[PDB]
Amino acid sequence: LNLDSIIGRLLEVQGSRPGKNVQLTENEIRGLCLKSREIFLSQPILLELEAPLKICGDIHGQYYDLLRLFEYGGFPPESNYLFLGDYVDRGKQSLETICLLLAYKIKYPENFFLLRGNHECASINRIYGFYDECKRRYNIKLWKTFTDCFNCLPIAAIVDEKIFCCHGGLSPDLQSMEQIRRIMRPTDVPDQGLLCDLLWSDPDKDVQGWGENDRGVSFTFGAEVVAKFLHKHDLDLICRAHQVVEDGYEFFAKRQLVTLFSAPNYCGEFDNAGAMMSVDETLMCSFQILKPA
């Protein structure tokens, strides 16, 4: 497995017309999945990370936008990175996207981190594009190799004991961080429960406590749920992704929560910006933004 050759080929298309594919070999991709899965299982399911770092939300196969985020933020390992999930589905280049991210995880495993999004799940990505992309460009056996790797991704991260990060949001079942630590891998994303909620829930300005989520999965939570959680666990901020936001980032509950979404012009259906959050050594947050086209 020649990681530098793989990364070189992935990066060669920088400056090309957004759309030019990078087609690694099936054995290369299988290697990326197997080695990264070993690393994910060797690190905790609840990551404990240090600032400074850059945090990115959803990518959804917008590979050329991933390359712009690295061009703006610094290619690994010039900056440390945490991604919050949803690497695949909807976009045109999920394969290049996930392969570059797994190659950087293997190259820089203590400086580059990937969380699980709700789309890193076989039954979801069966429907929303990644299965079809693997069947077209590779084969379904390689799709299953990716699933096996996805099933071992970590679920949440805490930066310097102060910023709690996950793809979706909070859970009415989350009373102790130990409940996250206890989750065994590999696992699928269940249709309900703590792991489902961490990958699927959303904040809501108009709900008091916990509400029913319009997605038909998981819950919504309001501002006082956020405040109570931060106080209980001695945290300063929840950082999550999952929802498209026009500015690429959006604060909630008097800046106690932020939503990041990193795929601009999302799947051609939205006129949103994509943002990456820069967290400095003192945990102050600023943004680098891919403005809409």
Second form
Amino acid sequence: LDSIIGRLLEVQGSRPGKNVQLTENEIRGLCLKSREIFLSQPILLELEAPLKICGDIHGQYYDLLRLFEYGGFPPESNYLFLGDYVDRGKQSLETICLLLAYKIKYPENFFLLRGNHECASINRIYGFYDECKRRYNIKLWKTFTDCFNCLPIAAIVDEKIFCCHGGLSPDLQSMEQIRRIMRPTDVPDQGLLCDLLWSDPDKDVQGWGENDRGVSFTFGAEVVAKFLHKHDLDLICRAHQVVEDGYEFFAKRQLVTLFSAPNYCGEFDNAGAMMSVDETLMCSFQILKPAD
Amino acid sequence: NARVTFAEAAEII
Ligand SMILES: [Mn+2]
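Rather than the form solved without its partner chain that you just supplied, could I have the structure of the form solved in complex with its partner chain?
Up next: the whole complex, starting with the chain shown before.
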């Protein structure tokens, strides 16, 4: 129904913090429907330009509306999201709902990837399960899990821009490896899938190194360079990490990092960004600053 | 046919 998406957009213009309390049936519907569409589409998305790409939102619902305000609400534009929708922020429930709605309404112009914070392992503890349990019930959180497990892992835009939440993997040799993993699936402790959602680029590291997070790896400019060449690609688009200005380059503009949730947590005191990728595969960046 | 390019200037929203 358009009723749920209407009610979600209704709090636009309101002072930041006002909730939107859907019925659990609506939300359940949103999960089950979008779940079916996720398994309808490939786990490795073959996408086309033009599209706008966003990074971590982490429940900051009113900042998401600002991004849509500028970028045009679907289907004014096409959208890829690089995961990490829930936790840390005040309104995870609204955020994931609005997105799934759009995914259901425009399944061919709106796309969602799995971020590391789309696991029962990490929704618990970091704030999402708490929100479900406070505003709804445990059973509803289990539903969300079962929906998150069907999320796409990576995407490729016009056979040139590789998009995923975390980054590269030492176990990644061919793309057909990404197409092999059957959904639904939980993110494992270690391996290809986990690396894709957890790994980081590192300036000081040479090759494959340890990660301060405690899971997966750090990688260096050499791996980025040789990966693009080996796969007929020009750029790696990823999120996962907090960077001021919203975006930050790695290697010689061979990997960009996108973070779309301003003043994350906070404090951190950062900014958010999104990539405008046009039909000529030209990328431009638009910055969001922390609101008054 | 098409290759990746970056607009040098960014803009504030
Ligand atoms: Mn992350």
